[PDB]
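*Asks:* Chain by chain, the residues run as shown.
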Amino acid sequence: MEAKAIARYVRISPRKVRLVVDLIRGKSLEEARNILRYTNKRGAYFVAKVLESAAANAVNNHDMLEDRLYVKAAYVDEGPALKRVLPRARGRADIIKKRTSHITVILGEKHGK
Amino acid sequence: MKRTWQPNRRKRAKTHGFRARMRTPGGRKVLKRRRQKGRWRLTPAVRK
Amino acid sequence: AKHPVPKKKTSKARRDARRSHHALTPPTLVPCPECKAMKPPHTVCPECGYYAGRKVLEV
Amino acid sequence: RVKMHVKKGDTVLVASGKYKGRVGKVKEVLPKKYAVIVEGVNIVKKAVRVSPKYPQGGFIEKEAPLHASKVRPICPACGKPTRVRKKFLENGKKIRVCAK
RNA sequence: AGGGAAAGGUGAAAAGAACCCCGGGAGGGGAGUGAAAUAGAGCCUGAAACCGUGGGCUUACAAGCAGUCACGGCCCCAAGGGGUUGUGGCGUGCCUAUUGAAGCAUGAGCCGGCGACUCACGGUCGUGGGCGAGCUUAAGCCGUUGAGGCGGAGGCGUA
RNA sequence: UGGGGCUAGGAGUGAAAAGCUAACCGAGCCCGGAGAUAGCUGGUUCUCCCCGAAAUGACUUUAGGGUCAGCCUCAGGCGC
RNA sequence: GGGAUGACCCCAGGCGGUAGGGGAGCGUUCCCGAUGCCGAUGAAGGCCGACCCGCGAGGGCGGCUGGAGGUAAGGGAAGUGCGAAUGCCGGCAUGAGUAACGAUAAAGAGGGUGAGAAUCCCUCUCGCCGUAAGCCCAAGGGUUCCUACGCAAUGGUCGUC
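Protein chains in written order, with the numbering used here: chain E, 1 to 113; chain L, 1 to 48; chain F, 1 to 59; chain H, 1 to 100.
It should be emphasised that the hints constitute simulated quantities derived from the structure, not laboratory data. Careful, some of the hints might be misleading.
Listed next, with one range per pair, are the computed distances between beta-carbon atoms [as the list claims (entries may be wrong)]:
id, chain 1, residue 1, chain 2, residue 2, range
1, L, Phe18, F, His3, 27 to 33 angstroms
2, E, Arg42, H, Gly17, 52 to 58 angstroms
3, F, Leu57, E, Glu31, 24 to 30 angstroms
4, F, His3, E, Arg84, 27 to 33 angstroms
From the three backbone atoms N, C-alpha and C, an ideal C-beta is built for every residue, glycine too.
Work out the full structure: start from the sequences and follow the hints.
*Replies:* Here you go:
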């Protein structure tokens with residue numbers, strides 16, 4: 001049994017958010033919270049949010065038990081970009097792409113027997 | 001620097017207006033072409 | 001748009017190879033004494049605080 | 001205007017699918033959408049009412065339209081295509097070998 | 001004056017997800033509808049480039065148009081295959097243009113889709129048939145309503 | 001210097017540079033003639049089988065283009 | 001060469017190839033075959049295979065996906081096969097977490113408010129303009145004025161503004 005999260009369309013670039021997801025991959029639920037607490041990045045807030053909703057779901061929905069929980073796996077995939085114009089000299093005009101993310105977390109229960 | 005568009009409403013109406021276009025046979029043809037095309041404005045959009 | 005410019009598309013492999021050192025660091029933490037919590041050392045932190053010093057609340 | 005069709009405010013049998021063979025009355029006809037009513041299809045569409053003045057919507061709901069070709073009108077027996085008769089003054093519709 | 005785009009598709013039926021749970025929301029996780037919900041709403045099918053996670057083999061005294069041939073090791077169903085590659089042998093990209101190009105000569109970031117020897121009327125060889133010292137109809141007229149007939153003005157040929 | 005007017009495309013205007021005439025004027029912009037023409041440059045898409053050249057001569061307002069000859073190919077006939 | 005021509009057996013030669021000439025095939029769309037044949041016990045299309053048949057282009061077979069179409073034998077038409085055209089349309093890469101964030105007049109703290117504040121409100125310090133970076137009209141613009149609820153986007157960061 002595992003619990004699943006998934007936050008879609010978040011509005012931040014994958015390459016940047018991944019940086020902090022790779023931090024907590026495979027750790028007790030307890031440590032993760034503190035890693036994120038004191039990790040100093042915009043993506044903290046986003047990943048924290050998705051890490052909690054996942055664990056609520058474990059306890060509440062699949063009766064899994066808070067204390068046993070850990071990050072079984074996590075990953076962040078890319079969504080569709082927001083295209084925007086940036087005027088230049090000699091009126092030349094480039095296109096800037098505001099990138100976007102789908103963040104995923106899944107918890108498991110450590111040991112059993 | 002000062003550029004090419006220097007808007008003046010009297011000027012525009014006297015130059016590209018309806019009454020203007022109907023005075024000259026060439027201006028008459030403009031409309032006739034425009035209408036047959038199904039333009040929604042025969043003359044430049046000007047009011048207040 | 002001007003003088004110097006890349007000769008070739010940088011290959012996926014050499015892209016990622018640049019990034020070997022881009023890896024991150026976990027923040028360094030100690031257990032808040034005089035209270036059950038984690039906190040980064042040499043810091044005052046608001047579940048707790050200090051002694052001959054300022055902090056959150058006391059009623 | 002070519003809109004007009006088969007049945008009206010009266011008794012009919014189903015020959016459809018899910019509710020095959022049924023009998024129910026008046027169809028409360030559309031017909032812009034080509035359908036009927038009967039007492040047939042019911043579904044519970046989950047609710048809270050249009051405005052919770054006289055509060056909530058309830059949980060058994062109403063009848064579904066049902067495609068107008070799935071019904072088949074009936075008299076002293078079963079279905080029969082409708083036929084038409086002059087009256088020698090007005091106009092009405094007789095079932096094939098029977099009446100109305 | 002004038003120029004001039006892009007952009008179609010849930011499901012038989014909205015039955016378009018009440019209620020609960022984390023979140024400011026957006027999203028999700030349970031529940032429920034449905035034959036089907038990776039049919040959940042710029043929703044049929046969903047190919048390729050491109051970006052991730054997990055697993056097997058593999059690499060920090062090497063040197064290369066990136067492959068091929070041969071041994072050898074490991075990993076997965078069995079005297080045989082598949083995946084990977086340690087060492088050894090051999091090896092100057094594709095296209096165009098050219099007397100001559102790996103060429104330091106032209107073109108191309110990569111993937112998908114669009115993209116260039118046609119038709120009419122004359123002509124000339126060849127060829128499968130019809131009829132033959134002859135062969136053949138045009139416009140039109142009559143029928144059919146995916147039926148075919150008639151129509152020698154004319155044309156080629158017989159010096 | 002503000003406001004109101006007039007002059008235009010082989011035409012205007014010019015204390016004269018071939019300057020200016022709506023961000024490129026030794027002849028404006030738009031649409032049409034029009035799919036101008038281009039002896040020049042580029043490109044031309046599935047598979048197997050058999051044969052397989054030329055870069056010479058003559059003439060050519062010809063010389064990196066052509067027309068005839070020569071050399072490749074297929075069909076019919078002739079037969080050392 | 002057999003010659004019961006069997007297109008099958010025996011023998012002997014030929015088979016590098018650009019411009020070109022000639023010969024065979026494979027596949028795509030559509031028509032007759034069709035009031036038919038296959039089809040929800042799964043059409044077309046999609047994804048996999050070390051299997052079978054073809055010299056090859058190709059064609060079968062099996063497993064998963066898909067949910068309503070497909071169309072033999074034998075023939076007939078053509079918008080019929082792409083890798084290149086500084087080709088056209090669209091999508092996604094590289095440079096890269098790189099250069100930039102638009103006047104060198106300049107900031108600091110304390111209180112509010114809020115899920116969230118360097119970036120909003122208030123106060124106190126500091127700096128800049130003052131024939132202006134102040135005030136009043138004309139043109140041009142067309143609701144940007146004022147207020148209450150808001151923050152997905154627009155704002156070169158943030159945003160409760």
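*Asks:* Tell me, in ascending order, the numbers of any earlier hints that this structure violates.
*Replies:* Going through the list in order, the structure violates hint 1 alone and respects the others.
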